[PDB]
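So you can see what is in the structure, the chains are spelled out below.
2 protein chains.
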Amino acid sequence: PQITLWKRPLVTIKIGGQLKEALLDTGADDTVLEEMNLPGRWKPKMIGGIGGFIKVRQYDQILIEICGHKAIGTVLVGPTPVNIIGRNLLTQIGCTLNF
Amino acid sequence: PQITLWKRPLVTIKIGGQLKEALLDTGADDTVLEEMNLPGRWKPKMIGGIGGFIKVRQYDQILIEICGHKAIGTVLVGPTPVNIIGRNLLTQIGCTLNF
Ligand SMILES: CC(C)CN(C[C@@H](O)[C@H](Cc1ccccc1)NC(=O)O[C@H]1CO[C@H]2OCC[C@H]21)S(=O)(=O)c1ccc(CO)cc1
Numbered sequence: 001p002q003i004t005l006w007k008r009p010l011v012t013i014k015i016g017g018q019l020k021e022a023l024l025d026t027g028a029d030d031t032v033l034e035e036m037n038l039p040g041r042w043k044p045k046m047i048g049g050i051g052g053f054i055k056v057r058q059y060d061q062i063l064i065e066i067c068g069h070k071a072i073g074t075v076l077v078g079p080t081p082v083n084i085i086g087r088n089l090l091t092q093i094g095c096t097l098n099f
Numbered sequence: 001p002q003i004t005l006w007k008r009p010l011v012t013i014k015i016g017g018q019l020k021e022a023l024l025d026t027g028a029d030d031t032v033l034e035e036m037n038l039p040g041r042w043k044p045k046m047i048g049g050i051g052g053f054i055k056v057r058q059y060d061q062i063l064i065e066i067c068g069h070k071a072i073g074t075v076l077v078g079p080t081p082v083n084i085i086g087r088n089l090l091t092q093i094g095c096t097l098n099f
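These protein sequence lines are chains B and A, in that order.
Going left to right, the first sequence walks through residues 1 to 99 as PDB author numbering numbers them.
Going left to right, the second sequence walks through residues 1 to 99 as PDB author numbering numbers them.
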């Protein structure tokens with residue numbers, strides 16, 4: 001599908017057996033999701049943007065379904081105000097910018 | 001053009017007669033540029049990112065060209081880690097997400 005940018009590009013995703021709303025974010029290198037209790041191992045990480053840094057937990061090889069498109073990769077979990085789908089997963093669903 | 005997301009979608013912009021590199025950021029509502037000198041009046045504002053809130057100068061109705069596509073809209077100037085082009089200008093150049 002084609003998504004216009006009049007409003008925030010929010011889409012439904014499926015991760016760890018849960019449906020969530022997430023932002024398709026071409027400005028995010030990696031995916032960052034709101035706090036959730038994912039099983040498995042993880043390693044600490046710090047990611048920065050406007051306002052400074054937040055501490056996140058990096059999970060590897062996490063399967064996420066984005067608008068019926070499946071994708072598996074790195075997922076960061078921490079106190080982000082929004083679920084953010086980053087380029088590491090956007091490439092896996094064939095997402096492009098067009099103008 | 002069509003832009004894949006295996007690399008940061010960086011483009012050259014022109015604002016105030018000066019060239020810069022900026023990030024096409026579908027996850028940003030607004031356009032925020034690093035500290036620079038711009039002509040015209042402004043008003044202090046606050047904007048929140050992943051790491052908190054920062055103080056920015058709001059310039060209204062500023063001419064800005066993005067990949068040879070002209071836009072005229074709001075430009076925020078402050079201590080952002082990266083020059084980001086937000087949806088307020090992405091819509092003006094006809095940018096969409098496609099997958
Ligand atoms: C700054 C950019 C280079 C990088 N970020 C992506 C942006 O899209 C960010 C997303 C966002 C964060 C918080 C609330 C809404 C959207 N948007 C943003 O700051 O927009 C500002 C200006 O316009 C307003 O609209 C929304 C907020 C205001 S990041 O979040 O910090 C980030 C950093 C590292 C990783 C892992 O690699 C993943 C994500």
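Hints in this document: simulated from the structure, not taken from any laboratory.
Among the clues, some could well be false.
Where chains are identical, the list cannot tell them apart; a pair therefore holds if satisfied intra-copy or between any two copies.
Said to hold, decoys possible - Taking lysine-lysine and the DSBU-like style, the derived pairs with C-alpha atoms no more than 35 Å apart in a straight line are:
1) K70 <-> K43
2) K20 <-> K45
3) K43 <-> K55
4) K7 <-> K20
Taking the hints in turn, this is what the structure says about them:
1. Taking the shortest alpha-carbon separations for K70 and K43, only the intra-copy value of 24 Å comes in at or below 35 Å, while the best inter-copy value is 44 Å.
2. Within a single copy, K20 and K45 get their C-alpha atoms as close as 23 Å, and across copies as close as 30 Å, so both meet the 35 Å cut-off.
3. Proximity of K43 to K55 under the C-alpha cut-off of 35 Å is found in both arrangements, the shortest distances being 11 Å within a copy and 32 Å between copies.
4. Proximity of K7 to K20 under the C-alpha cut-off of 35 Å is found in both arrangements, the shortest distances being 18 Å within a copy and 26 Å between copies.
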